[PDB]
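Novice: This is what each chain is made of:
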Amino acid sequence: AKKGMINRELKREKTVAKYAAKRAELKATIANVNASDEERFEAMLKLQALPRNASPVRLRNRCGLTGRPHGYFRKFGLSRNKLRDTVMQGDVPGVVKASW
Amino acid sequence: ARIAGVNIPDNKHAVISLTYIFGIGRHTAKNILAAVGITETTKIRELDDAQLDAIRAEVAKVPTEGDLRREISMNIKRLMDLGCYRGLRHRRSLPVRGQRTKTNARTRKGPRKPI
Amino acid sequence: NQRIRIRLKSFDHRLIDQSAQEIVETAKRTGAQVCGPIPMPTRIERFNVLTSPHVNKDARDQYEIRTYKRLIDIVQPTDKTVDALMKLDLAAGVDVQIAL
Amino acid sequence: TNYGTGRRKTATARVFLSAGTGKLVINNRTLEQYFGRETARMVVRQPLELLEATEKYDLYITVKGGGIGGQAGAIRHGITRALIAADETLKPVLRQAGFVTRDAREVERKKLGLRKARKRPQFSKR
Amino acid sequence: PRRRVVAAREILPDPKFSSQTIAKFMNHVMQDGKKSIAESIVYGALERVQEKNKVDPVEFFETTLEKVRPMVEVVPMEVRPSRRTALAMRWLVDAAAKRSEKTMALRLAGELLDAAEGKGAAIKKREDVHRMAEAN
Amino acid sequence: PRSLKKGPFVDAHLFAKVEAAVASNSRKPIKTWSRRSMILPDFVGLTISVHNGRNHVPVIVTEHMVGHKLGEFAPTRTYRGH
RNA sequence: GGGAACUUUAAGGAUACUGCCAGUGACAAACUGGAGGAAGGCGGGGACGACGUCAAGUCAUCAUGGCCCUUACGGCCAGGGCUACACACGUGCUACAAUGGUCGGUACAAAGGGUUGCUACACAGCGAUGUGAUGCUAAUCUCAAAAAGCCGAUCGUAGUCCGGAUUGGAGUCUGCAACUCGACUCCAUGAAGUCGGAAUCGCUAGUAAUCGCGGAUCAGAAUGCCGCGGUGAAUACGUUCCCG
Ligand SMILES: [Mg+2]
Numbered sequence: 002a003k004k005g006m007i008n009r010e011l012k013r014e015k016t017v018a019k020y021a022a023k024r025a026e027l028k029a030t031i032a033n034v035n036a037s038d039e040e041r042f043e044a045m046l047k048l049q050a051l052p053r054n055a056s057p058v059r060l061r062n063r064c065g066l067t068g069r070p071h072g073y074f075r076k077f078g079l080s081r082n083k084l085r086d087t088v089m090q091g092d093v094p095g096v097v098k099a100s101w
Numbered sequence: 002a003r004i005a006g007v008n009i010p011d012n013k014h015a016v017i018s019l020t021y022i023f024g025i026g027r028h029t030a031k032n033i034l035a036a037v038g039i040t041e042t043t044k045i046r047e048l049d050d051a052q053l054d055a056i057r058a059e060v061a062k063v064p065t066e067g068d069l070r071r072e073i074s075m076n077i078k079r080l081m082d083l084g085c086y087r088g089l090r091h092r093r094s095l096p097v098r099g100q101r102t103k104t105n106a107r108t109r110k111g112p113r114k115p116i
Numbered sequence: 003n004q005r006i007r008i009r010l011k012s013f014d015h016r017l018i019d020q021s022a023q024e025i026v027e028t029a030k031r032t033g034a035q036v037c038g039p040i041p042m043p044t045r046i047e048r049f050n051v052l053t054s055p056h057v058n059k060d061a062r063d064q065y066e067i068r069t070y071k072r073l074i075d076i077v078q079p080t081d082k083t084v085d086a087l088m089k090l091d092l093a094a095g096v097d098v099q100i101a102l
Numbered sequence: 003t004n005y006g007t008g009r010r011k012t013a014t015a016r017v018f019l020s021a022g023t024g025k026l027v028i029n030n031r032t033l034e035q036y037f038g039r040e041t042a043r044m045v046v047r048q049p050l051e052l053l054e055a056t057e058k059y060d061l062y063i064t065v066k067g068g069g070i071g072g073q074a075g076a077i078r079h080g081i082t083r084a085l086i087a088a089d090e091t092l093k094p095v096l097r098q099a100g101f102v103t104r105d106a107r108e109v110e111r112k113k114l115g116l117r118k119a120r121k122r123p124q125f126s127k128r
Numbered sequence: 002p003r004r005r006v007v008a009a010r011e012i013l014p015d016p017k018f019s020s021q022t023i024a025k026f027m028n029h030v031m032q033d034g035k036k037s038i039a040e041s042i043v044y045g046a047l048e049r050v051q052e053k054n055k056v057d058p059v060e061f062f063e064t065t066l067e068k069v070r071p072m073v074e075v087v088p089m090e091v092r093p094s095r096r097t098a099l100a101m102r103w104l105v106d107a108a109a110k111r112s113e114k115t116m117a118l119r120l121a122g123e124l125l126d127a128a129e130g131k132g133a134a135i136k137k138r139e140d141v142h143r144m145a146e147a148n
Numbered sequence: 002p003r004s005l006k007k008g009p010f011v012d013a014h015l016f017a018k019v020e021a022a023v024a025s026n027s028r029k030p031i032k033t034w035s036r037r038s039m040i041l042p043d044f045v046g047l048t049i050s051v052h053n054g055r056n057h058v059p060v061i062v063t064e065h066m067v068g069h070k071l072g073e074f075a076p077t078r079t080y081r082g083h
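Note that the protein sequences, when read in sequence, are chains n, m, j, i, g and s. The numbers in the deposited numbering rise by one with no breaks, and the one at position 86 of the first sequence is 87. The numbers in the deposited numbering rise by one with no breaks, and the one at position 89 of the second sequence is 90. The numbers in the deposited numbering rise by one with no breaks, and the one at position 20 of the third sequence is 22. The numbers in the deposited numbering rise by one with no breaks, and the one at position 44 of the fourth sequence is 46. Those letters in the fifth sequence? Residues 2 to 75, 87 to 148, per the deposited numbering, in order. The numbers in the deposited numbering rise by one with no breaks, and the one at position 81 of the sixth sequence is 82.
Careful: at least some of the hints might be erroneous.
[As the list claims (entries may be wrong)] Here are some chain n residues pointing at chain j (derived, C-beta under 8 angstroms):
#, residue
1, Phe74
2, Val88
3, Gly95
4, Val96
5, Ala99
[To be verified] Over the 12 angstroms line for every Cβ pair with chain j, so calculated as not near, a few chain n residues:
#, residue
6, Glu14
7, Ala55
8, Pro94
Hints are computed from structural coordinates only; laboratory data are not their basis. The beta carbon of each residue, even a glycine, is placed where N, CA and C say it ideally should be.
Whenever a hint applies, use it, and build me the whole structure from the sequences.
Specialist: In structure tokens form, the structure reads like this:
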């Protein structure tokens with residue numbers, strides 16, 4: 002990966018955290034049924050007014066050692082190249098070659 | 002028996018026979034017959050004049066052949082006139098709902114025309 | 003009427019069985035009835051990893067990881083038994099959860 | 003009085019055999035209610051028909067896992083083992099008829115690079 | 002093989018008449034591993050022929066198969093005893109399917125009855141094979 | 002399409018521009034990149050220059066355009082035949 | 001309430017080794033036919049790939065010699081494109097129907113997933129789904145209806161009660177946002193297609209064929225890929241010709 006793309010990812014991760022709480026508050030208000038119509042509409046507009054990077058849909062998983070955006074494997078947080086390399090030296094606990 | 006101007010088949014069950022009219026499907030036939038009080042499996046050559054007339058009256062309330070074709074043609078021409086993307090695809094006879102055209106567009110394009 | 007229920011998790015069945023043996027031996031030493039250890043069905047997760055860097059879909063490595071579990075019950079425990087369990091050492095690679 | 007275990011293709015049948023009058027219960031249903039397929043019923047009755055003791059016994063059976071054919075086979079295996087346990091003199095004829103042996107065939111695994119255990123995707127030289 | 006001889010696949014006799022030939026005919030009828038439908042066809046047709054005439058289904062089927070056994074297949089090739097019965101079974105299955113009785117079991121029983129009577133599509137095909145065979 | 006309970010979607014910056022244009026008697030077009038905004042009844046009679054990727058294309062909003070997105074009137078590809 | 005029997009769960013262990021009988025082969029190698037046994041002549045399957053070949057693939061995972069850019073070949077943003085369409089080819093899915101379609105009733109699995117999660121139950125809707133509420137960090141609660149199958153009715157060889165492409169209307173959900181360019185639901189529409197030329201592919205048994213179920217990726221988005229079980233065949237006389 003490029004250092005620029007890695008830095009982009011870091012900035013987006015910071016923005017999501019910065020706006021996490023107000024997003025939950027707004028979405029809860031939008032969900033409320035006791036709240037009045039104009040309050041719910043103001044909640045909808047305040048939700049639509051946040052900077053785009055606050056949205057978690059714009060996050061992409063990357064390797065963590067290299068930054069590869071393909072072949073992620075959540076459980077390890079690594080991409081396939083580095084997972085193969087690290088598994089075959091014994092540094093991943095409980096992982097062996099599989100046959101059945 | 003002429004219904005909606007159409008000679009619907011006479012030896013089939015009513016639920017099947019009504020589907021020969023344009024704009025009437027299985028659901029619509031099952032609802033028409035339920036309304037007028039006739040069994041779906043009753044054969045069309047076993048329905049008296051009043052029974053036929055009741056089905057005609059009910060089928061009137063649903064747009065069937067000429068009104069339906071007219072409505073469809075008007076809706077398509079209005080799109081081709083407004084100038085939207087859908088009308089532009091209708092004009093060139095191309096898929097309207099996002100399908101690929103590099104391959105497999107034969108229903109819309111027709112038989113393959115050599116270069 | 004308190005029955006102590008210990009649940010053991012691990013990625014290694016030999017290590018888990020050694021820890022279970024240690025626990026039951028201590029319980030019997032201080033004097034108490036024990037049910038088990040009772041084996042629980044194992045969890046198996048499998049992974050497919052491309053071995054070539056660029057392009058070979060059939061050239062692949064298949065890995066697995068297994069989680070083993072055991073349930074032990076100490077019935078009618080003595081006052082010294084509870085302290086004995088806390089005094090017991092901690093073994094790396096084995097998670098112990100004790101419920102009273 | 004006598005017990006037997008039968009196994010076939012992920013099916014496992016528990017059979018309890020006693021002296022009686024030909025009663026037969028599987029999972030609290032009769033044979034007709036449990037099996038709608040007739041050859042499945044024939045398979046379950048093969049042993050007592052070969053032995054002619056069809057009304058000279060009573061059968062209480064439970065079955066788990068598998069499908070219709072596998073369950074019928076497992077039940078037959080269990081009945082055979084129950085008969086052997088009851089009267090060891092009967093094992094020769096049952097071995098001759100083929101009901102003593104356990105069938106060990108099982109589904110073969112799918113393999114990487116193949117459509118199935120053996121089937122292979124279409125090859126083209128170009 | 003090129004290095005060994007494979008033993009013939011041994012199939013068990015059927016569960017209702019205990020006949021290997023009946024089992025093999027059932028397997029020849031079956032499609033896509035659906036044995037139950039094949040059984041309902043074959044047993045149904047045998048019951049139909051029995052109802053029409055009071056004879057043992059097994060021996061009647063034996064006689065019909067003997068009648069529909071081809072001597073050779075065109087150049088004529090000498091064949092082992094096992095192949096003629098298989099060819100008769102395939103011709104019987106095809107002829108019934110091409111006939112027009114409502115259900116497959118009934119149109120199968122009809123083919124069997126016609127073959128026994130000596131006038132039918134399968135027997136005509138056998139005679140045609142004989143006529144193109146004996147010439148060479 | 003979009004669910005009815007949420008209502009239609011319009012961008013705030015375009016909504017304010019149309020508010021100003023309708024409130025006054027401005028004839029100058031409204032220049033926009035928001036192709037995803039819906040055309041509301043207040044749009045009728047106005048002129049909006051919608052981006053297409055390389056250029057802004059004029060669009061004159063009629064009653065029959067209401068309910069469509071702005072971008073349905075600005076094709077993004079050029080084709081003339083093989 | 002009880003029981004520890006059986007099923008299963010999962011650690012350890014025993015077992016098969018020509019082990020015995022008969023004929024025969026140089027008395028070599030072995031080869032045939034039997035009895036006990038769950039299993040009898042490598043028990044089935046998986047991982048494991050000598051020395052080497054193609055200066056075969058990858059500087060776009062990554063590392064790295066050398067050469068180039070460094071007010072731009074570096075960095076930030078909004079819209080568009082990667083989805084275009086006179087055509088040609090590879091790999092697949094669905095059909096062309098009666099061993100079938102539709103409708104009513106009623107059976108039998110295994111392997112996986114679940115707390116920014118999976119959801120019993122109740123209500124509302126034809127429905128996608130929405131609201132309330134319950135259990136579960138799971139051998140305990142849940143995804144979950146297995147489907148093909150068995151019984152009954154109807155359809156009677158028709159481009160049809162086969163097929164489900166295309167198209168007009170009306171909606172739901174994910175998301176800041178479904179125009180270009182999402183999936184899914186209902187009403188209407190009902191295209192080609194009647195078993196496919198030269199030629200060519202897979203498979204030797206729980207296999208082929210056929211039926212459904214799960215997962216990684218992942219807000220949403222599989223007919224692909226990796227797995228799981230159900231039903232369950234046929235044929236091999238032989239190495240002359242075709243390929244390595
Ligand atoms: Mg090269």
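Novice: Would n/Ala55 pass as off the interface with chain j, using Cβ distances and a cut of 12 angstroms?
Specialist: holds, 33 angstroms
Novice: Would you assess whether n/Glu14, listed as outside the interface, keeps its beta-carbon beyond 12 angstroms of every beta-carbon in chain j?
Specialist: With a cut-off of 12 angstroms, n/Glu14 remains clear of chain j, as the shortest Cβ separation is near 26 angstroms.
Novice: Does the closest beta carbon of chain j sit nearer than 8 angstroms to the beta carbon of n/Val96?
Specialist: holds, 5 angstroms
Novice: Taking 12 angstroms as the cut and beta carbons as the points, is n/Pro94 off the interface with chain j?
Specialist: violated, 6 angstroms
Novice: Next item in the hint list is n/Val88. Is there a CB on chain j closer than 8 angstroms to its CB?
Specialist: holds, 6 angstroms
Novice: Holds or violated: n/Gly95 as interface residue toward chain j, Cβ cutoff 8 angstroms?
Specialist: holds, 3 angstroms
Novice: Was the hint right that n/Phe74 lines chain j, CB cutoff 8 angstroms?
Specialist: holds, 7 angstroms
Novice: Holds or violated: n/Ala99 as interface residue toward chain j, Cβ cutoff 8 angstroms?
Specialist: holds, 4 angstroms
The structure shown violates just one earlier hint, number 8.
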